[PDB]
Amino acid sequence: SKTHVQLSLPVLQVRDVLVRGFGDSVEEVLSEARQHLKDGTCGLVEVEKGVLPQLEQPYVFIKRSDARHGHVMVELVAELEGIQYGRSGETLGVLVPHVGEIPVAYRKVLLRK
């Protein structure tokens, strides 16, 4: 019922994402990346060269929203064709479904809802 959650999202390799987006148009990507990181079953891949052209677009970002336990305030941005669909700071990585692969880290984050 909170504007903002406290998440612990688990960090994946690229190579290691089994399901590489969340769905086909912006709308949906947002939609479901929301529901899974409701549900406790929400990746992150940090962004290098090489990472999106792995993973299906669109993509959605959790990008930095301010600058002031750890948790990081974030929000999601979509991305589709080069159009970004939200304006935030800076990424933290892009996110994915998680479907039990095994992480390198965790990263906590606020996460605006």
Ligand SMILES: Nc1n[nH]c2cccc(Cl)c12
Contents of the next structure:
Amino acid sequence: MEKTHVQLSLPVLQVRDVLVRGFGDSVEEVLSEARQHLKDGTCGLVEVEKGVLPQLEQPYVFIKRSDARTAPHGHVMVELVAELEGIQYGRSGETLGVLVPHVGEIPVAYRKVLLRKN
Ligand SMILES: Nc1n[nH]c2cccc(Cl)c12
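For comparison with the form solved without the ligand, kindly provide the form solved in complex with the ligand.
Complete assembly follows, chain above in first position.
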């Protein structure tokens, strides 16, 4: 059965390499698809800098920091928050990046996270 949190190492992708630039067309769909890709090992992370979000597709799925002393086993505790037309669905901490499908792009790094499944 599902533990509340799972340790994952996410590939960090450069925005110009990403082939599939979002998870879907509604807040509920992108959160659902992001969770499925995380379970399947087919999710990447793009770090947000100027110019990144306009090169990706809304709705966005962000991973955000969920606490301050929980970095168990070297993995930052995180949760999912979606954004569409400037409104956020969830409230959480600082953004670590934006999640996208991973379809074989070569990463530049890995980001260790402890992900709250729901
Ligand atoms: N990463 C995940 N492994 N297993 C899951 C089940 C539900 C939701 C998620 Cl995100 C996961």
